[PDB]
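Chemist: Below are the chains, spelled out letter by letter.
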Amino acid sequence: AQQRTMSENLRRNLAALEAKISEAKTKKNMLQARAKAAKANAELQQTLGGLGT
Amino acid sequence: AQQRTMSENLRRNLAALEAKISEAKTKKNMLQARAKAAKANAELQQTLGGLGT
Amino acid sequence: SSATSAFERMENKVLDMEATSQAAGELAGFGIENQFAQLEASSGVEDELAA
Amino acid sequence: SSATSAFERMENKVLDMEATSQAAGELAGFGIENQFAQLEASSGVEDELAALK
Amino acid sequence: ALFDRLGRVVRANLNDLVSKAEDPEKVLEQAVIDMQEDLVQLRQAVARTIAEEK
Amino acid sequence: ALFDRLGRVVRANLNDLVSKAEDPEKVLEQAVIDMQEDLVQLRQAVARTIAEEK
Amino acid sequence: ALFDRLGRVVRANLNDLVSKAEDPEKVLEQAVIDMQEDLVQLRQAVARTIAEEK
Amino acid sequence: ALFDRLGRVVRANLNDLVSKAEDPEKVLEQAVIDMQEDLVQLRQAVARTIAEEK
Amino acid sequence: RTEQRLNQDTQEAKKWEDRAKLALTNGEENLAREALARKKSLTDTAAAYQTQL
Amino acid sequence: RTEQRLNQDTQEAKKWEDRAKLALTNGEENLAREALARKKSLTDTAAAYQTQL
Ligand SMILES: Nc1ncnc2c1ncn2[C@@H]1O[C@H](COP(=O)(O)OP(=O)(O)O)[C@@H](O)[C@H]1O
Numbered sequence: 109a110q111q112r113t114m115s116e117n118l119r120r121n122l123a124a125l126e127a128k129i130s131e132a133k134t135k136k137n138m139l140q141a142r143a144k145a146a147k148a149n150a151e152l153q154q155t156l157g158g159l160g161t
Numbered sequence: 109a110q111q112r113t114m115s116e117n118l119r120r121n122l123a124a125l126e127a128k129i130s131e132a133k134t135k136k137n138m139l140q141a142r143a144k145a146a147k148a149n150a151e152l153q154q155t156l157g158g159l160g161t
Numbered sequence: 162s163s164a165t166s167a168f169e170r171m172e173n174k175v176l177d178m179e180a181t182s183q184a185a186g187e188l189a190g191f192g193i194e195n196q197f198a199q200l201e202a203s204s205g206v207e208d209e210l211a212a
Numbered sequence: 162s163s164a165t166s167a168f169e170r171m172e173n174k175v176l177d178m179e180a181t182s183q184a185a186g187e188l189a190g191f192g193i194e195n196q197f198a199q200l201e202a203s204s205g206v207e208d209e210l211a212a213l214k
Numbered sequence: 002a003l004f005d006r007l008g009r010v011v012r013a014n015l016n017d018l019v020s021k022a023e024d025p026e027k028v029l030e031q032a033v034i035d036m037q038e039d040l041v042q043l044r045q046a047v048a049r050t051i052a053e054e055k
Numbered sequence: 002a003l004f005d006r007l008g009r010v011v012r013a014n015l016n017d018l019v020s021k022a023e024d025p026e027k028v029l030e031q032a033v034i035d036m037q038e039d040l041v042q043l044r045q046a047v048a049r050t051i052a053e054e055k
Numbered sequence: 002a003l004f005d006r007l008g009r010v011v012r013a014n015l016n017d018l019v020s021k022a023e024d025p026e027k028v029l030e031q032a033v034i035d036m037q038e039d040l041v042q043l044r045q046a047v048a049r050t051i052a053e054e055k
Numbered sequence: 002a003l004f005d006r007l008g009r010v011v012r013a014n015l016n017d018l019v020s021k022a023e024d025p026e027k028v029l030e031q032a033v034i035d036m037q038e039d040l041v042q043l044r045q046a047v048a049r050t051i052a053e054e055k
Numbered sequence: 056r057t058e059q060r061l062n063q064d065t066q067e068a069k070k071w072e073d074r075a076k077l078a079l080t081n082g083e084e085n086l087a088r089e090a091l092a093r094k095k096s097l098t099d100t101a102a103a104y105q106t107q108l
Numbered sequence: 056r057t058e059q060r061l062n063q064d065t066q067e068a069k070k071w072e073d074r075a076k077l078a079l080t081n082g083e084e085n086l087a088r089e090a091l092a093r094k095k096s097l098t099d100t101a102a103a104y105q106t107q108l
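Chains A, B, C, D, E, F, G, H, I and J supply the protein sequences, listed in that same order.
Letter by letter, the first sequence follows residues 109 to 161 in the authors' numbering.
Letter by letter, the second sequence follows residues 109 to 161 in the authors' numbering.
Letter by letter, the third sequence follows residues 162 to 212 in the authors' numbering.
Letter by letter, the fourth sequence follows residues 162 to 214 in the authors' numbering.
Letter by letter, the fifth sequence follows residues 2 to 55 in the authors' numbering.
Letter by letter, the sixth sequence follows residues 2 to 55 in the authors' numbering.
Letter by letter, the seventh sequence follows residues 2 to 55 in the authors' numbering.
Letter by letter, the eighth sequence follows residues 2 to 55 in the authors' numbering.
Letter by letter, the ninth sequence follows residues 56 to 108 in the authors' numbering.
Letter by letter, the tenth sequence follows residues 56 to 108 in the authors' numbering.
A couple of the hints might just be wrong.
[To be verified] Keeping only pairs whose Cα atoms sit at most 30 Å apart, straight-line, the calculated BS3-like set for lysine-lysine is:
1) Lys147/A to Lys136/A
2) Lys133/A to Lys144/A
3) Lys135/B to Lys147/B
4) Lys95/I to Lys76/J
5) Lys136/A to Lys55/H
6) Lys136/A to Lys55/E
7) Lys133/B to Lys136/A
8) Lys128/B to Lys144/A
9) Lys55/E to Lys147/A
In case anyone wonders, no lab produced these hints; they're calculated from the structure.
Whenever a hint applies, use it, and build me the whole structure from the sequences.
Modeler: In structure tokens:
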């Protein structure tokens with residue numbers, strides 16, 4: 109009974125951790141995409157902006 | 109009984125301090141934002157200003 | 162280490178090419194609604210008659 | 162020496178910077194409201210006329 | 002007070018220098034790599050409490 | 002004011018020297034090459050948000 | 002007392018100088034760091050207390 | 002006051018010289034660069050503010 | 056370039072006029088008002104460019 | 056150049072004056088006063104230029 113309830117709680121901590129890591133992976137990737145978008149926008153604003161070489 | 113009575117007193121004070129620190133943390137961010145915005149506004153006003161050379 | 166800081170760094174650069182969004186923002190809102198509405202409605206009555 | 166005192170100090174400094182910028186604008190030539198008031202009144206009467214027809 | 006304030010100013014300056022040097026995108030990425038590893042380590046440890054339970 | 006004006010004169014002179022040295026045709030061409038590359042990088046990143054969406 | 006007055010002037014100048022040397026952006030942030038650093042250690046004590054209670 | 006008058010003459014000459022040294026073609030352009038440089042930084046602040054609001 | 060800028064602003068003003076009216080038909084006066092403010096804004100800018108031309 | 060500066064000042068004076076009509080209608084009394092005061096100062100400036108011319 110001690111081991112079973114201990115293991116169940118430990119299992120729940122494991123699921124919570126994983127869920128958070130899944131969340132972080134989703135967040136990470138959209139930020140990478142957005143970062144590349146920002147960079148791309150900047151390049152067009154440079155080339156197709158004002159005057160200069 | 110003594111342990112239970114005293115460990116609960118400590119929790120009231122931790123909880124109060126947690127409210128307090130988080131208060132500062134949130135205000136820290138918005139204040140930095142406000143400060144950057146204001147700093148920048150002053151910079152633009154100087155540049156745009158026609159007074160002085 | 163912060164994911165949030167990573168976002169901000171990106172978040173600013175996003176800012177420089179205009180991101181206050183008085184255009185995209187304004188445009189899209191009433192655009193998508195109004196267009197599709199009037200389109201399909203008027204069009205649809207006329208179509209069915211010929212069919 | 163404490164964090165809270167330092168914070169109150171930085172906070173006042175920030176508020177003072179917001180106040181400096183505000184005052185600086187008024188002295189510079191702060192219009193805003195003027196333009197805003199006219200554009201508000203214009204869009205009003207124009208929509209009324211637009212709707213009328 | 003003089004040195005007490007100096008200490009606070011100094012730590013903030015040091016942290017800022019770190020923040021400046023700090024690539025946030027590698028931190029976040031690097032973090033996911035370590036978190037995944039930790040997840041795996043927890044899974045093995047959990048596997049042992051399950052073996053013991055059984 | 003003297004140095005303030007000197008600074009403005011100097012930056013303009015420096016920018017002009019850059020503008021002079023600057024081949025505009027390579028800039029524009031070089032730019033298209035980088036923009037195309039960036040487009041590709043965005044496509045991969047987007048591919049990842051699509052995978053996640055799915 | 003002139004010695005004490007001299008000291009007061011010296012300290013006042015240095016206190017003003019380090020006040021000027023504060024960078025709110027860095028400092029405000031650093032102050033929060035200190036708050037967290039301190040809390041963590043309180044939490045460790047509350048951690049022990051709770052364990053002892055059990 | 003003769004010292005102050007001497008200074009005024011010196012500065013007036015140097016101010017006229019740097020005014021003469023201006024090249025409108027370079028300078029006018031450089032001035033615009035400064036305007037943009039400055040704006041970019043304002044935009045970064047407005048960027049943060051907007052993010053915080055959200 | 057000035058000629059090009061003038062025409063471009065004139066065209067956008069017509070699109071915003073259309074949008075204000077389409078929005079007005081669909082409903083919401085406040086939305087139409089917002090669209091009109093932009094309509095006027097572009098009209099004003101266009102006038103300036105015309106004179107410049 | 057004298058003529059050019061002055062001509063300009065006279066146009067700017069009208070922009071303040073015709074702005075004052077809108078402000079008065081709205082009930083923006085202080086804004087209307089400041090607009091009139093601005094018109095006076097430009098009128099004073101314009102006079103000084105004519106003499107100069
Ligand atoms: N004469 C010029 N006009 C416009 N941009 C220029 C010029 N010379 C150089 N540039 C570059 O183009 C950018 C223009 O600034 P930016 O803020 O993007 O323009 P805007 O404020 O119109 O969006 C600057 O970062 C600058 O490095």
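Chemist: Against each hint, give a clear statement of whether it holds in the structure.
Modeler: Going down the list of hints, with the structure as the test:
For the proposed pair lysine 147/A and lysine 136/A, the alpha carbon gap of about 17 Å is at most 30 Å, so the pair holds. The suggested pairing of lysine 133/A with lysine 144/A holds, with an alpha-carbon distance near 17 Å, which does not exceed 30 Å. For the given pair, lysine 135/B sits about 18 Å from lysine 147/B by alpha-carbon distance, which is consistent with the 30 Å threshold. Proximity of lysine 95/I to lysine 76/J is assessed by CA-CA distance (about 19 Å); at most 30 Å being required, the pair is judged to hold.
Annotation: proposed proximity of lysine 136/A to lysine 55/H holds, straight-line Cα distance about 19 Å (limit 30 Å). Between the alpha carbons of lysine 136/A and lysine 55/E the distance comes to roughly 38 Å, so the proposed pair goes past 30 Å and is violated. This hinted pair checks out: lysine 133/B and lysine 136/A have alpha carbons roughly 23 Å apart, not beyond 30 Å. Taken as a hint, the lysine 128/B and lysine 144/A pair is broken in the structure, with Cα atoms around 38 Å apart against an allowance of 30 Å.
As the CA atoms of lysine 55/E and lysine 147/A are separated by approximately 55 Å, the hinted pair breaks the 30 Å bound.
The structure is inconsistent with the numbered hints 6, 8 and 9, although it conforms to all the rest.
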